[PDB]
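There is one chain below, alone, in structure tokens, taken in the form deposited without the ligand.
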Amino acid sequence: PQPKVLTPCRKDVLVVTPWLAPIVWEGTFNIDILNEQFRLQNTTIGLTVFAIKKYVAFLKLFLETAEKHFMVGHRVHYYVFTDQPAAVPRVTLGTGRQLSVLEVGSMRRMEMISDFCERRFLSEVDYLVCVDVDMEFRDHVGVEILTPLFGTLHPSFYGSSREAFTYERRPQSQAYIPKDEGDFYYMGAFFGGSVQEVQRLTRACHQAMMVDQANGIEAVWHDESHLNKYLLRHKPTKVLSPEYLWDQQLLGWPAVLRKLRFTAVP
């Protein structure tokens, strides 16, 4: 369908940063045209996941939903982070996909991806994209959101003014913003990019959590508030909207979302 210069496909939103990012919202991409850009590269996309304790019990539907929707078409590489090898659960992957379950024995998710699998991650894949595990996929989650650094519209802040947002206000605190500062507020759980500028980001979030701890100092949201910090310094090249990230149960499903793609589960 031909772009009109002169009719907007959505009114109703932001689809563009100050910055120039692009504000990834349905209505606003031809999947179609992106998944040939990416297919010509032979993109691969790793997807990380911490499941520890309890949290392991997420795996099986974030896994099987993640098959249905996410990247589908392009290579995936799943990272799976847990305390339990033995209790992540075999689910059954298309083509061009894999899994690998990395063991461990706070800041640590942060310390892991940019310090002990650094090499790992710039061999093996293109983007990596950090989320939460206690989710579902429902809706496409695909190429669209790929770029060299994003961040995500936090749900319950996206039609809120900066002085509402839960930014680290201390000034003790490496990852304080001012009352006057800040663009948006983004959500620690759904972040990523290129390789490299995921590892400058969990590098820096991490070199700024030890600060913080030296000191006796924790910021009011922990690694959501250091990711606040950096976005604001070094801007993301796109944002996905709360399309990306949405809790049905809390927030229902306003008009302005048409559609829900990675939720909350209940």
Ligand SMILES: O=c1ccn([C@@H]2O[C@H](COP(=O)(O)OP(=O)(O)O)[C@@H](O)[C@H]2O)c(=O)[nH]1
Contents of the next structure:
2 protein chains.
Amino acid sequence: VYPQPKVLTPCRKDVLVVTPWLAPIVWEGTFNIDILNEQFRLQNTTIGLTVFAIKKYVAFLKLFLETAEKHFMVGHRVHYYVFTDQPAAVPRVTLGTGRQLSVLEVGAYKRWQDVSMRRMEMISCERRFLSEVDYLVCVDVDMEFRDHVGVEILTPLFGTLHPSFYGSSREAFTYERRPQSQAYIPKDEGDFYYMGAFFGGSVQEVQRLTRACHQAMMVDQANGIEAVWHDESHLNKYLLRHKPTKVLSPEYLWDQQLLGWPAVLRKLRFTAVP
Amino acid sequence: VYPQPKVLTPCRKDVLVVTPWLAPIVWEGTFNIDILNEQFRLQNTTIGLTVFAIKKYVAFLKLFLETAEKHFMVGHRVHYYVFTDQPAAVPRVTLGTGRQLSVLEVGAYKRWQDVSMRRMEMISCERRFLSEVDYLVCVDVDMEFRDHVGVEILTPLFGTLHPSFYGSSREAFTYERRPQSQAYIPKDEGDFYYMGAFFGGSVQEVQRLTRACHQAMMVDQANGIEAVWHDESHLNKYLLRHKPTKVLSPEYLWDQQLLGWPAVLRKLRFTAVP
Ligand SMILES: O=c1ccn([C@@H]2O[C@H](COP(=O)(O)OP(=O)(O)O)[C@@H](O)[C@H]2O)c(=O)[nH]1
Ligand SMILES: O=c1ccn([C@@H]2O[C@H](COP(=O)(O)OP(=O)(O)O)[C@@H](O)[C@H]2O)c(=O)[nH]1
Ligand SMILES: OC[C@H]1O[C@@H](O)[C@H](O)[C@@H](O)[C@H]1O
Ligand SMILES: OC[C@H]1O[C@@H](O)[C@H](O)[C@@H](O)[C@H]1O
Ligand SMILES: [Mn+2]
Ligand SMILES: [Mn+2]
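Now that the form deposited without the ligand has been shown, please provide the structure of the form deposited with the ligand bound.
What follows is the whole complex; the chain from before opens it.
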């Protein structure tokens, strides 16, 4: 027993709720969470969440993890995978039932470009995700959850609209524009500008995507060019060619300090920390 | 190179384009057919179309088939499966490249209820669909195509909004309301009223659906009740419990003689014949 959807009275008339390849764009008021929760519960869905916390970024884990417990996939099985050069630095956060955390120890890379960039490499570690989770969600650690982020996001492949470019035209998009880079996207192409900080999908699609992006980055290195926004550039080139089956609205990646809280955002769910 | 989708200016503001379980509702202006065509071509998609033409309904095949050739999945591989008690009566219609037709001979059933109802049984013939097509589309024969019906419909499971109930409230829906019938749907439930004349999906999902509906009809027979709208009733009960991954708007099942051509319908694609 829920509100009857009515085909002649849309809920959101202010935003695009479907892409032109028929992928939902996820905004508050587009979904009934109760229907979706049942769907995903009926398959005993397990969602993995990957997060890197290399060098000083271990400082962000406590709030990340505490807020994930309040807001992320609450009621579903969750497995956190914390990639860190400092395992002893990972805070012990008490978890809800059916939720667990693994610490994966990795190398502290040369500069920030590589730490951000080698995530694609480090996520692709492959045998294990396939056995343990049905979906993988890949996010920045320097963030907090402030509202529901749940199974509405889950789909074979998704990316998230960069909060600075959702209202913008495409020649404005900061894609890689040098044809020397595997990340190259011409000035007459592109659907959206996706942020590197929040993407995911089924384990098979995320392994594909991260393998591709790593193979593309290595090809650029061997040719002496570094895409302008690094992993985000390659992410955007992958998602142009392999279109995501859901797109998350900027409700899912926001910075209230830089951008306020406009009326088109009914919820701010996952936000940057200073 | 196509129109850039703009996230703050929806194309359709007059209709619901997404269900509350995040299934697209397919209306003109929600999709770019060029993007979709490429997607489906890249997988060499084959679509099967099943149609029953038992007794006098062989009379409808010539126009059905001629118009399907102009409008249905044009450019993609298509396999028509014509179920008939009269194989010699099937018109020879010249087909486009990559399109073929098989005649399947079956029994002329006792009354019209059973002819319509035993379709579910006759579609479920199982080994063969799995090998030959990726999707199955199941329609009435007493119809003509008048405009594009293409790969925008394709998804694991879809149904179509009955053209007489899309603007209506749910207690108005002519679901089966006797609890004695497997088709029973309470007065406080239901998302939409789907018509029996146009549903489909992947071969696996259509085999599931048609197996379920046949198993449900047989259980009702053994109990001496016949659902009020027969196969359509069971279809609607299946789609309540297993929600379709796309819903087709009434653009995909219309009767211009009974309903005109309202402004909310930008195309009339598949329509009833007198
Ligand atoms: O020294 C570093 C730099 C980056 N990161 C990881 O790489 C992500 C992206 O980096 P950052 O957040 O600095 O990029 P921004 O959001 O500022 O563009 C971070 O959230 C961390 O998960 C890290 O763990 N240690
Ligand atoms: O004598 C019959 C009655 C029905 N049908 C098939 O069952 C479908 C549904 O029947 P009908 O079109 O009469 O139902 P309606 O659309 O009038 O509700 C038809 O399109 C045919 O495909 C048939 O082949 N021969
Ligand atoms: O334009 C691309 C850049 O946009 C900035 O706003 C953002 O901080 C960068 O991380 C990168 O996304
Ligand atoms: O209400 C259910 C009935 O609605 C009629 O308009 C239609 O002709 C019937 O075929 C059946 O769908
Ligand atoms: Mn960050
Ligand atoms: Mn009919």
